[PDB]
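First the structure, which I've put down as structure tokens, then a few questions once you've had a look.
A single protein chain has been removed from this complex, and every other one stays in its place.
Should a chain be cited, it is by its letter among A, B and C, assigned in written order, with residues numbered from 1 in that chain.
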Amino acid sequence: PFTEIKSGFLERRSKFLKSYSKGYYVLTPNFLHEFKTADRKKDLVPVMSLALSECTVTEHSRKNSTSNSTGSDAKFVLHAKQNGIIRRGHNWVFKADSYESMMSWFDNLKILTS
Amino acid sequence: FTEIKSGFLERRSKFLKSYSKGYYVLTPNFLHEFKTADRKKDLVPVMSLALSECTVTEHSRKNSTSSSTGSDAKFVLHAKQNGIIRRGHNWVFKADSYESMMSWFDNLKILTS
Amino acid sequence: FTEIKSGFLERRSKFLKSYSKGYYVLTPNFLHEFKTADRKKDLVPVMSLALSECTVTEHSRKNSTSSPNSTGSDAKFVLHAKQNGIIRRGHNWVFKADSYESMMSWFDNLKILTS
Partner (left out) sequence: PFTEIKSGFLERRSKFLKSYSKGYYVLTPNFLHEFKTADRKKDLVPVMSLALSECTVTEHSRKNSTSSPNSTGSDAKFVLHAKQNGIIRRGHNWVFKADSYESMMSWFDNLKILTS
């Protein structure tokens, strides 16, 4: 009986590779977990687990954000306060499947990282 | 009241690689961002940038080219102290034309003196 | 004769925002860049990256995407410098191979050599 605040697919940007890779993410009160698939029965080991206690969410796309790309209105930034999966003071960019989906991820993360 | 200039500007995000349009009001003390141009009902700035500790550094030349729109209509606001912007960091704004950009720039230059 | 791998790779320039293709030869000590694949006449490396003080950090995933009309979104890897040399300590170089499988050959070989 897996319990979660939110889960869904997100694309995560690589700063150096300048590309996105899609994964299945699970937000709990303690961690943002990345898994390879949505199958909570057979896919049991997170690819990585980001402790929320030492992350913050800092900025997100506006509904009118433009670039010329996909999901210019659906991105948000997760910032590291301490060394872990992410280096202290560094940032990871995520792309959701819509503005409204992004806002749900952002709002939930913001409350869990206050 | 002592508003110096107001209008829509696009502001670049470094991490999101995108522009977002907002309605800005320039006063002697602040550049204020609002969501809308409704001065009666939209009263709380999204953010208020203290001009006392900002400078305007570069701006597009009339011959500036990109490609993206507004290649001749951008300027840079630089922070001298930690606030909305980290000390030493910069924000990029895009106006609707060179002439409009220069109006913003010239006004900001005097206020940040 | 103790070459481990050789072939063409594109290397990204951060300041020039472009890729340049070169012919690379991987040995136990160095990744060498040459202008051409002519091992008889083209004998002097353009540069020689000491593997002893490099690591390979990230690489593209099979599903990595970049942008329509951009090539090799699934074929890049990152070489990181642990010390000042051709690359400044803490800095990174990005390479693009001709496919995911080719990239993974380069990456796996570099991973062992930089251990």
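Quick note on the criterion: contacts are C-beta pairs under 8 Å (C-beta built on N, C-alpha and C of every residue); 3 or more make two chains touch, one makes a residue touch a chain.
Student: Where the complex has a chain not shown, which of B:3, B:38, B:42 or B:58 is the residue touching it?
Tutor: Checking each option in B:3, B:38, B:42 or B:58, the one touching the absent chain turns out to be B:58.
Student: Considering the entire assembly, which residues of chain B contact the chain that has been omitted?
Tutor: Looking at chain B, the ones touching the missing chain are residues 57-61, 63-68, 71-72, 74, 76, 90, 92.
Student: Residues of chain C in contact with the chain that isn't shown?
Tutor: Its contact residues with the unshown chain are 10, 13, 15-21, 69-70.
Heads up, the rule we're going with is that only the chains that are shown with their structure count from here on.
Student: Using CA atom averages as chain centres, what separation in Å is found between chain A and chain B?
Tutor: So the centroids are 29 Å from each other.
Student: Could you put a whole-Å number on the gap between the CA centroids of chain B and chain C?
Tutor: Those two chain centres are 41 Å apart.
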